[PDB]
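Number of protein chains: 2
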Amino acid sequence: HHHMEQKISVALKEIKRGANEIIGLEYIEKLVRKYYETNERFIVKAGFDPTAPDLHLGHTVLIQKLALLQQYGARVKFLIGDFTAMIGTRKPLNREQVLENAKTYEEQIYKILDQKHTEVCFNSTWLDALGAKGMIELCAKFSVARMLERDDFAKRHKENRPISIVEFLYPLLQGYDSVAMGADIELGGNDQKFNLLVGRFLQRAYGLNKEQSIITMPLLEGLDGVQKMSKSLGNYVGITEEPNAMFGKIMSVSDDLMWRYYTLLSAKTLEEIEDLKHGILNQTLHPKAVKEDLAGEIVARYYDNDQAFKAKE
Amino acid sequence: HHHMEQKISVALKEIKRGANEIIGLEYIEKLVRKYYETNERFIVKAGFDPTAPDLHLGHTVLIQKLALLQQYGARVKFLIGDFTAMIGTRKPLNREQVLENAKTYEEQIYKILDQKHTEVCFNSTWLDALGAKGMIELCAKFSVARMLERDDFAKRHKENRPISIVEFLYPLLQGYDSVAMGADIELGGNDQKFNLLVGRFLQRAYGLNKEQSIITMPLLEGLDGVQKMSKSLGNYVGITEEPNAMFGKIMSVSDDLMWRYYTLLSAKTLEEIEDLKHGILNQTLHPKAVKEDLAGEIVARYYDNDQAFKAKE
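Protein chains in written order, with this note's numbering: chain R, 1 to 313; chain F, 1 to 313.
Keep in mind that the hints were calculated from the coordinates and are not lab data.
Think of the CB as a built atom: it goes at the ideal place given N, C-alpha and C, for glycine as much as any other residue.
Careful: at least some of the hints might be erroneous.
[Claimed, not checked] DSBU-like cross-link-like pairs, simulated, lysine-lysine; straight-line CA separation at most 35 Å:
#  : chain 1 : residue 1 : chain 2 : residue 2
1  : R       : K210      : F       : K91
2  : F       : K155      : R       : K133
3  : R       : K133      : R       : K228
4  : F       : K193      : R       : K133
5  : F       : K116      : R       : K133
6  : R       : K193      : F       : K133
7  : F       : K158      : R       : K158
8  : R       : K277      : R       : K103
9  : F       : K268      : F       : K288
10 : F       : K133      : R       : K116
11 : R       : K231      : F       : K141
12 : F       : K133      : R       : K158
13 : R       : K13       : R       : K231
14 : F       : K210      : R       : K158
[To be verified] Sample of chain R residues lacking proximity to chain F, with all beta carbon distances greater than 10 Å (derived):
#  : residue
15 : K7
16 : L12
17 : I23
18 : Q64
19 : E96
20 : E106
21 : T125
22 : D128
23 : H157
24 : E167
25 : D191
26 : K193
27 : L197
28 : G207
29 : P287
30 : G296
Please model the complete structure; the sequences and the hints are all you need to start from.
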């Protein structure tokens, strides 16, 4: 079926776009074809900081990949990890704060995600029910040696530096979340690979018929282009910043950084971006109007089209 | 107070009698004096196999030290570890089996212990209530490096052999039992030192005003005198064996083994035993009558005096 093969080939390229690494692309391909064949959605898991929802564009990179995956049949489980947050620089949160912060996330994430195929989850739902016995059964499934292979543990173990045994529980609990949620894909940051792999190993160990694929996303470069975007470093673009200011901040970036932001932030397709790089070189497009198109797209995402024209002017 | 000092000095020698090692003898001394001064009892913890109560004399060695400690003010907490037994050669037990086995223990242990100052406990009582959050808080109190110093873990870690993370939980749970029970002394076998030390460390970490002393007891020699007593090795003396047979089994032992059994099994005092070794050498006592006195004492412990005379004849 030549037409479908083209559609699938394109879907796979968009899914890989901007990622650092994908484990399990074949399973992802099988789920995308099933979605096209049957309309059956598959489950995509991504975990978010219950404490800090003051967001800049760097925080949205993973959310943009989640929105892309919804185009190809993903049902998104936006997981707030309140269980560890309510236990405890890291003082413990109460339930009312957890709900307030989730509400805060929801003031924005549906400007990126398709709300109809998104579900906000709290892992305290199943983790409160785990019990001491559930914890025991979880810990029986994972070895000490594998655990000491996570990068920070190996260095601290080698350097004779303290590792608390509770630090062994957190990756197991994150992996268990994938078990309880039946995740088919889990997204995380590039430093999170080991932890994303735990859920994939634990799904097999708990007798599920499947193991989640995983995608790692890089950190977004700041407007400078050499430090990762950080409210600390003063190189961020706040999602709530006023349009004219947000538009001007994006104008600061170099031309090379513009394409990087295109890869990771823009709704334009790989093919459409390829045309932009062609016309700028064929002198059919000016790069300023391309940087303006990008700035306008980000302002229109968090506001609207009309307010995005005024920021340019 | 010269009289009391003599009483305390003797109490300490009887408490050390037969032990491999005592950690915290000063605290034990303070509790014994307080008992003599105020009649206030202190808490002695010892843990027992929920699954196997078919008992020989080797199983009673620790129980005899518990009975001795009751003479000096111990209130004994006979702890059945049903929490791990009901999770699971090691198939899981159900509640009815746990209660049946505890009943089986109670058909015998009060032939050794003072039932009035004994309490049978099940650690599922507080461990069911721990929750996943309690497990997390427990594991935050102990380091990975200290845990890998237990002898079997160090060898397996060095030999690149599998250690399951759940194996890190069991000593922490045993230590937590000491926290929940407020133990002042914990008894165990010589191989158990590391685990006994966990409770003593965890009591401090949970903010208790104290840390349990610990006593380790050796394994009893079999009737042969070179292998530890074992139902497997066929060198055991069953606590339920018929008197005449039980009496004759004890007669098998060598003279050197007789004194060892005196140290670990006999209600006679250190001073009284010293007199027995003197009269056998001064030829005022025959060693056969000494071995008979011991055999009779063990038969009378698990039966009665009258039935203990008939076994000799």
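Verification of the hints:
no., hint, result
1, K210/R - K91/F, "holds (28 Å)"
2, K155/F - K133/R, "holds (28 Å)"
3, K133/R - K228/R, "violated (42 Å)"
4, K193/F - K133/R, "holds (26 Å)"
5, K116/F - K133/R, "holds (33 Å)"
6, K193/R - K133/F, "holds (26 Å)"
7, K158/F - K158/R, "holds (13 Å)"
8, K277/R - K103/R, "violated (40 Å)"
9, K268/F - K288/F, "holds (17 Å)"
10, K133/F - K116/R, "holds (33 Å)"
11, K231/R - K141/F, "holds (34 Å)"
12, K133/F - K158/R, "holds (29 Å)"
13, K13/R - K231/R, "holds (32 Å)"
14, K210/F - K158/R, "holds (34 Å)"
15, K7, "holds (44 Å)"
16, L12, "holds (36 Å)"
17, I23, "holds (23 Å)"
18, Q64, "holds (33 Å)"
19, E96, "holds (18 Å)"
20, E106, "holds (26 Å)"
21, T125, "holds (12 Å)"
22, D128, "violated (7 Å)"
23, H157, "violated (7 Å)"
24, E167, "violated (8 Å)"
25, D191, "holds (21 Å)"
26, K193, "holds (20 Å)"
27, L197, "holds (16 Å)"
28, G207, "holds (17 Å)"
29, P287, "holds (53 Å)"
30, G296, "holds (47 Å)"
Violated hints, in rising order: 3, 8, 22, 23, 24; the structure is consistent with all others.
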